[PDB]
Every structure is written in structure tokens, then in C-alpha cells.
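Undergrad: Listed below, chain by chain, are the residues.
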Amino acid sequence: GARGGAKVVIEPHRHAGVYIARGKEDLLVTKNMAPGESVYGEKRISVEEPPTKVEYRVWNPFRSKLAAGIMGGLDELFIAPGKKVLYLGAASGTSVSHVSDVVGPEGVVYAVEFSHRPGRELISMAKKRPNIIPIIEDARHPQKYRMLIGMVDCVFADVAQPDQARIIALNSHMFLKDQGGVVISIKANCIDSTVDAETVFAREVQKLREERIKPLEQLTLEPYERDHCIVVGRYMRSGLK
Amino acid sequence: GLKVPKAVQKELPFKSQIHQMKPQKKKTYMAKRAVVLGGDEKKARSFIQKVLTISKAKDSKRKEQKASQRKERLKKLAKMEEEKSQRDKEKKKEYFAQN
Amino acid sequence: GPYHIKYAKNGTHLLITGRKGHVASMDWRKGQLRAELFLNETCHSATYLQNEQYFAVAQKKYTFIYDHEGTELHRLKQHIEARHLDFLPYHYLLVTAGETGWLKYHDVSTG
Amino acid sequence: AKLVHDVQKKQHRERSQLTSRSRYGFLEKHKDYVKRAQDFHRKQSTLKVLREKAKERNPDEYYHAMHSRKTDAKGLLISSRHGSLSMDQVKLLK
Amino acid sequence: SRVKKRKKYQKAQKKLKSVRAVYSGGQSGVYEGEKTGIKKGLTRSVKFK
Amino acid sequence: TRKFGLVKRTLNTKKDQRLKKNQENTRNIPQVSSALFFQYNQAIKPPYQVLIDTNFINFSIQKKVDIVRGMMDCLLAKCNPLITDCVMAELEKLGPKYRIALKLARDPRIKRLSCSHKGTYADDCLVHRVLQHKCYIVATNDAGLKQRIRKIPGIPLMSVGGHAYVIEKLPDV
Amino acid sequence: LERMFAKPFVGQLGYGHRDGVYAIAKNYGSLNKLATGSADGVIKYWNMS
Amino acid sequence: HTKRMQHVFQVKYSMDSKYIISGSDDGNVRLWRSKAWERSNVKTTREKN
Amino acid sequence: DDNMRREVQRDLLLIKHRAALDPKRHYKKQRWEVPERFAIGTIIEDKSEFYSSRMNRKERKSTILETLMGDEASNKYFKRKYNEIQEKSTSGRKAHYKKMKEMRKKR
Amino acid sequence: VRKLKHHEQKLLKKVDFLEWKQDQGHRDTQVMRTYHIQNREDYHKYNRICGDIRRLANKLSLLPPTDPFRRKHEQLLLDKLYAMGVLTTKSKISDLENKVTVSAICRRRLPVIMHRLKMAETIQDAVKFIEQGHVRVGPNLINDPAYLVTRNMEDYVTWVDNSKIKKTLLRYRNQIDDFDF
RNA sequence: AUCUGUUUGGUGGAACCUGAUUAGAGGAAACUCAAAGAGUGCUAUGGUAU
Ligand SMILES: [Zn+2]
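As they're listed, the protein sequences go chains A, B, C, D, E, F, G, H, I and J. Using PDB author numbering, the letters of the first sequence map in sequence onto residues 79 to 128, 136 to 326. Its first residue numbered 1066, the second sequence is counted upward by one per residue in PDB author numbering. Its first residue numbered 112, the third sequence is counted upward by one per residue in PDB author numbering. Using PDB author numbering, the letters of the fourth sequence map in sequence onto residues 2 to 84, 90 to 100. Its first residue numbered 561, the fifth sequence is counted upward by one per residue in PDB author numbering. Using PDB author numbering, the letters of the sixth sequence map in sequence onto residues 7 to 31, 41 to 188. Its first residue numbered 50, the seventh sequence is counted upward by one per residue in PDB author numbering. Its first residue numbered 344, the eighth sequence is counted upward by one per residue in PDB author numbering. Its first residue numbered 110, the ninth sequence is counted upward by one per residue in PDB author numbering. Its first residue numbered 2, the tenth sequence is counted upward by one per residue in PDB author numbering.
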């Protein structure tokens, strides 16, 4: 479909920092912060502007859950140019690097990861992207890395642990700005495999309310993934009513 | 097409005067000047008139498809409304028999 | 002519009403004309309401309230043949008297 | 379809024009007549609207566009094909 | 009966794709973009009231 | 050259912004839940999570049907009853006459759900929850609420009738 | 203004006791701590904050 | 008062004199403001005056 | 730029009507009015995808229309479809009318 | 005034500097604007006339129904108002209160009638031609744009003979004859 | 080609019908003059005043 020499009409998406490449097939793309290279072997699009050569990175929904959220039609993403974002569970630059593209040079992305092996590729990516601050630490103890993180406008949680409601909450209290963004991706099997996927999603939503995070929206990620839903919420300390 | 008699056409109000554009016979100078790109453009322009002819016909048939199913559904739908209407009458007899 | 003059309570604006009907509201110090009506009628006197934004003019038979730019806002049908006007600032009342020998108090805020 | 044989709902085929009259053309059926009648009535209705508008015209109507628009000697309105070149412009074109 | 219920079910799977997206195994070959295109101004998402 | 057709300037009610009436002046199509196969809720499996309505508690006491046990009889499965804050508020608001209905509704076996909306109208709170997760049973005997729930597809509806509970749209029974 | 701003109720402590409350005691040294009892025989220690 | 409060059997004062804790037999322990029109936030000097 | 190069103008016109390009595709329904800010870009393939998703240099062109016309399967398809449409549009028009008025003449 | 905060608004509920109850919804301004009335008290001088009609109609109402005097005068009142063109129908007596309005009088002004007779594009443009001395009613030129035209005299409303407007009309259709002018 | 006449694009916008609006609808300029709305920045610091 999108072969090497094929050329596309690139036009902006509804969300700031996201672009659509048209053609015989449509591709979600974000502008490359570090032109001339691919972090995980995605396709890249070059446009000649007056002439400098800018480069766009293809966002594959099947590899990045957030991308699958766009394509299904999330109404509100708190990620946008010039916003500080905290990414929990950054396995590697498959999805953080795309998030760094959206925020742009002005914004920053705090990628948090625990396991050392995938981290090593996170750090090597981070050198190419100045606006990414990789934090190789456990998300279950935010106190350990409090020196490194300021207020963050949005907190994105891709962490695959059974007790997500605690990690997202604890980092939300310390670092999320009031009225700030929260985006959580929930995998039904990981939290509790004994009960159906719908029950788990209802359970996680209730935990967020108890933690003062008014949830705005839930989307299921099919066909891109099975038993996944992305819940978008706002952190309302004043009152969730 | 419809041809209005000229007598009627002459005495028409200003709001409704039919614009009948006569053909031109004397060759206009611009018509004798304009350069029409030949060769590679010609094959690349006939194709555009090829594609748009398919596209309108595709839409004009799928649009006619909808109008075919629209007629069938509303006929089906009016039948349920009739049942919903006639059976509603009976309840208000059954209810107000008590009252 | 003749011209009846009333200043604002703060001295920032001047309201002049020619007898034959030239009403002008202006900032006399900086020389900016806020509004200028040429009512083809007899105007008897005028006053500034709570601030320079609004003013009232006593025309041939009725009083009219105007905006800063000269748009009329209300026609006070009740006040007939008003000859003199005054505005109580703290109470937000407009007072009138004239040939009828009736003293009418009108509240600008509630109308 | 309740209490009806499939034999009852049998297609009745449609006849054709006689060979002796084949020159004249296709034999008009009811369906093709209805198209002829509907189109004629649609056109006559517009003429009846245009005639009454002609009869009810007020000769004193004035529209600012009466200066720009022009009328032919017959009286039928003249519309420009595409909506005179100055000497300087023609010099550049030549 | 068995052959009919076999055919009824497979038809139902075809309609279910029209009603909603259904997982179909994921990724086959290089990612060739969105097959049928993406709509910028539409959100298929369920809003918390 | 004074213009022709001059007219006195006046306030225009229709177009003037300062007036309050003139001052005031991404389509969404919700996805059909993945848990739903036409009218069949495939996701729902035992044990069942169930939302209780205020009328359900009152009638249950009339018929001498214990909540936890009487339910386990109807579905032949473990049921995890859930009472929302709205339902709890309505019970308390009823008055001293219904103090027993309050005491049973506080039985520790009955878990409670927090809520995040100002009003205490429980009918709308339940209807929102069922629309958004197709993972709850609705236990209510109110005529109005039942009709709303029936329109929602894939939502089992439970009621107290006769001497014991009845479940309507729960195929696994 | 005093009447429109008179909003005395702030909230309730947790989910309450199973039975009626009949004994309330304060930690006269700590500002935000409160101990309650009920006819159920239950006693609870609260964090009012 | 409140429709949900049924027999006040215990009432006390927070040690800062700002809040009222009451216990009824419906089983809830409520908090109230000592002065309804007041608010707990730190007031600017222009508010205070 | 306001020039709106005919190559770019035709380029966008093939994306407005991309439903009719290939009879097996059948995208979603959308309007896609021309945006006020857009650019034209060329894809870059990964070196690991040399055999899978790489066009030969000769096949690459400056315009999409050139790439589309270059194919012979698509080119043959339109000629069949368009010829079918012309028959439908030309049926019963002035041409057919003259024949019916011609046969009425003895020869 | 700045947009009032909430606490202010509760304490200042009736305050409105731009709309008052005596204004009666600015029906005066609305009806001057639609039909382009220039003299301010034209609306109210009409408003007294409609009040006179309505008052008379009520007093006729309270009289007994079969009363021959009630028969005659209400027929007379409708026939006169219908002839003046204030009333479009003479069938119902109830129209005397429901369908007698200032706008019913304003629609018979010369600027409005020319607009209905298509002699102008808009009421504003109809007025300008009156003040320019293009419009005649009978052989009398009229510069007053408040001239009320009875139903009968709507027929003699016409351009002035030498008017440049008639020259454009006749020139547009190529029907200009300079002998007449 | 005093051949043929459908299609694509441009030009023009009769009648009927539908919707909105109406002292007709627009346009351009600015170190211009006004009346409002939203957002943002600024130690924005007397819990009781050297
Ligand atoms: Zn609730």
C-alpha cells in the first residue's frame, strides 16, 4: 500500500501535533524531532519546504496503544505542543518517541521505566531527543525520583501491572497539575484474568473516582487490540461533582 | 428542453428573465491565442475526465440505491406505526372502562 | 443658541444643549467629541447620569435618555414637558419638573 | 403470500410491435406513456407560471442592475459569454 | 438443520463487522496504513456523563 | 452633502450585543460495546455484579426474601450486590418509617459504590452506569426505570415478584 | 449576602455506623481525630481530614 | 437540620471552634460549619478588612 | 502558493474521488474539502524492507497521476467502465432520435 | 456595565440600563426600523389612532348582539378601514382588536407600497426617491415619505415624467421615445 | 471534416419548493476613536502594621 516511492498529501489532524498523510491509504504521522533516522523501523515521509527537508514519522496503531486511541477517535487528548507529559511504563521509544514529537521542542516528556534491559534502548533514544528525560526507576515509589520531575500537565500510564490504580494515583498527586490530564491504557488480562474484560474496566473507573480523578471518556481499542480500553480523565482536586 | 415563446420572454419581469447565451461565430482573438498543452498533458487530462465520470456514476447509483431502500423501509415502518396506533386505542378503552 | 451647560460630577465632561436642538457631549480638556445630536426640536436642559456614559435631554414634550455615542435608549413617556433636570448621584434617581407642576422622581437603575 | 400458489404469481410477458409497423418504432406501453404525459404537464405548468408573471409585470419596476444589464433589439436579454482590451494590454499580449 | 445453522452463523459474523470493529488477529505483513481511511472529525468514543 | 433618508439612531434589540439575549449567541457516535453480540451479552458470566434500586429493598422486606440468599436462589450463582450513594441517600431520606429498610441496606455483605454527580436522583445514576459498562444486573421494581433499562441492549433486569425474585433478560438461566 | 453564603453542611464521616451513634469523643490534643461508637457495639477512630 | 438526620444524640466542637460534629441515630456522623457564611481558606488582607 | 500548480491541483483531485480509482477498495464515506494548509511528501522505505515495500527507481514519478496512469491494469479498467457509461448516457439522446426519424423515411 | 459576578447579580436582579418595562419591548423602535419611519412620534401618533379604533370596537362589543345599531357601525368601521387598507379582510369583527396595529397603518405608507409594487429594491431606497422628487401620486409630486395611500390611490403611484429613473426603465428595454420626454 | 454529441471543467442562474435573514448585502485602510468578552503575566505578601 504505502510503498517506498509512493507520495502522499499531508494535512493536519484535529489534535495539535498530529498529521494525516492521505493517498490510496491513510497514515497517521507526527513530525520528526530528529530527522534522518527511525527509532523502531517505521516508515518516514520527507517534505521539501523553502529548501529545507523536514521529515515525518509514520505512527503504526498496532505497535503503540495511544496511536490506536487516535484512530478510534478519542475526543480529548491532553497531550499537545508545549505541554509537560509524564509517561509511565516506557518500555522503549516505540511510543514515547512519538509522544515527544507531539509536544515539540518547547514541551518535555518524562519517560519512566523500571526494567534495565529495555531502558538501555530508552537512554540511547533519549540522547537524540533533547526533550525526553528518561527516569530508570520504579513507578511504585514516586518519592525516589521527585527531584527530577516538576508539574506535568498530563500523565500517561501504559504500565502493565495488576495494581495500576495506585501507581497512577500516587504520581498524579505529586506531579499532576490541577485540572490536569490523565490517560490510562487498561489491559483486562493483566489486572484480573478470572473475570471478564467489562468488569475490570468498570472496576478501574471506580478506583479513579475514589482517587479524585473524574473520568471523562473510555474507548475500546479494537480491532487494533483485544480487551484494551483507554480511559481519559481530568484531575479535579476542587470537586469531581 | 423547454422553449419559452419570445413574446412571453420579452415581457418578463426583471427578476425572472431567462439568460439565453447565444453561440459565438466570429473567432475571438483570445480564442485564436490560447496555447493548449499537447502530448503528455493530453493523456494526463483525459484521465481526469475519465475518473470523475466513474465517480459521479458510482455516487449517482449508490444514491439511487438508498432511495430504493428508503421507499421499502418507510412502507415497513408505517405498518408498525399502524399497529402501535390501533393497539393504543384499545388500552384507552380498557383503561377508561374502569374509570 | 442659547446654550445650557452642565458639567460632570468629576469635571471630566461637558454637556451643552442648544435651545434649537444641538446637544453635544464632549471631553473638553482633551477635545474629543463623544456624541452630537442635531435634534430638530427644542431642547431645554440636560444632565449626566451616574457617569458620562449616559445623559438625559428634556425635549419639546418628553425626556430622552441617551448613551455615550448618542443612541437613544429610552423615551420617558411619563415625564411631560420637563423643563429642568437633576440627578441624585447616590440614590440613582432622575428628577424632573416643568409646566405641569409635577415633581417626578425616576430611578435609572430599575427604570 | 398467504394461500396463493406460485402458479398464480406467474409472469405475463409483454408483446412487441408488429412487423408491418416496425418502421415507426417501439410500441408505447402504459409505463412509457406516463413518462410522456408527466414531462408535458411539467413543462406546461412552468409556461402558465411564466405567462402570468408576464401579465402581472409592473412597468415601473426599477432595479439598480438595469444599468449594467442590456437587452437585444428583439427584446431578449443579452448575457456575456464570459463574465474589450485596452491598447496597452493588447500590446503585451501580441 | 445443521447446514442451515452453519450458514446462519457465518452470515452473522459478517454483519457484526459492519455494526462494530472486531479483532481479526492483528497484523499481517508490513503495515500498509489504514485500509479504508481515517475520519478527522468523528469520535467513536463513549463519554462519561 | 447631508445624506438622504436620514433616521435617528436607536437601540437595535435584535443585533445589539449588550442585551442579554444577544449576548449568549466533532460529532460523536458511541461505539457498540465489544461485550455485546447483537442482543446477547457474552461478557456477563458468574458471579454477577448487580445494582440494587430503592424499591427493590422495600419490596424485598415485604416478601420476606433475604437479599443475598434470595438472589443466590434466582440465578444459582454468587451475586455481589452493590448499592450506590444515591440509593443510600433515598433510603435515608424516606423517613423514620423505613428505618428497617436502612438497617438491612447497610448489611456488610452489600458492597457500596461511590458516585460523582450532585443530584440524588438514583434513577438516572443507575441508567448511566449500565449504558457505559455492560457488566451489571439491574434489580428494580419501578415501572419507569424498568422500561428505560429494557431499551438498553444486553442488560439483564431483575425484579421481585410473587414470593421470590425473577430475572428477565439473562439467557444463562 | 450572609443568607446566600450560609452553607453549613460540609460532609459526613465515611459511611457511618451500622446502628445509631450514641457516643462521640475527641482527642483534645489533636485537632483532626475523632472517635465514635454505636449501639451495635462498634467503635471507630476517624481521620476527619 | 436535614431530612436525613433523625435524632441528634451527640454534638461537639472541633478544637479550632470552626466545625460542628453531630451524631444521630440514623448512623451517620456529620460535620457542619460553626458559622455558615464563613469559609476556611486563607483570606487576603483586603478580604479580611 | 496561490499558483496552485496543475500537478498539485490534479493530485488533490484524485484524493477527493479516490473511491472510483479501483473497484475493490471502497473506503469510508467522507468529503475532504481541500485544506488551507497542506504539503506533498515522498515516502521513505526502511532498508530492511528493500524487497517488500520498495519501488524500483524507474517506477517512481514526479506526479501521482503519472504513477497511476503507468499501471496497465487500472488503465484498462477505466476504458471498459467509461465506455459502459457513455452507452448509458448516450442512450435515447439526440443520436437515437435521428435514427427513429430516419427509419420512417422509406430508405 | 461589566458582566456582574454571581453575588452581585443576586443583589441586583432588576437592574437593567438598556431595557425598561415602560419601553414595552421597544416595539416603537422595531416598527420604525422595519418600515423606516424618520419622525420619532409618528409611531405614537399612529398608536393613538389604533387605540381609538380599539376603544370604539369594545364599546360596540358590550352592546347586545342583535342590536341594529351594533350591526351598522361595525360594518361601517370595517369598510372604512378596509378601504384605507389598514385591514386586509372585512369578514370578521374580531379583527378590529386582533388585526388593527400600527404596522397595519405603516404598511400603507408610500415608501412601503412602492417596495411592494417593486418600484424600489428596499424601503430605504424607496424613501430616497421620494426625497429626490421622483415619485408622483396622480399629477401631484410628493416629497413626504409619510403619505398614506388608500387602496384606491395605490394605482396612480408612478414615476415623474422626466425622471431619470423612467429613462433607465425605458432605455433598458430599448423602449425610450424622446418625443414624450 | 458546412462529421458526430455525450462527458469533464469554467461561465450563467428561469419556474416550483425548502431554510435563514431583513432601516439590502459587501469591501478596504489605522501609532484612529469608542462599548464589551476570554485568556495570560506581575511578590500579587500587615493573621492583626516601624
Ligand atoms: Zn450516583
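You may find that some hints are simply not true.
[Claimed, not checked] Using C-beta positions, here's what the derived DEER-type ranges look like:
(1) F/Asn31 <-> I/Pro144: 24 to 30 Å
(2) A/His201 <-> E/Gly601: 40 to 46 Å
(3) F/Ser129 <-> A/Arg205: 38 to 44 Å
(4) B/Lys1157 <-> E/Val563: 46 to 52 Å
Hints were generated in silico from the structure; no laboratory data involved. Where is the CB? At the ideal position from N, CA and C, for every residue including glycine.
Undergrad: Note whether the CB distance of A/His201 and E/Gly601 lies within 40 to 46 Å or breaks it.
TA: holds, 44 Å
Undergrad: That 38 to 44 Å hint for F/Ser129 and A/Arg205 (C-beta), does it hold up?
TA: holds, 42 Å
Undergrad: Lying within 46 to 52 Å: is that true of the beta-carbon distance B/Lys1157 to E/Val563?
TA: holds, 49 Å
Undergrad: Would you say the C-beta atoms of F/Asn31 and I/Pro144 sit inside 24 to 30 Å of each other?
TA: holds, 28 Å
Hint compliance for this structure: no hint is broken.
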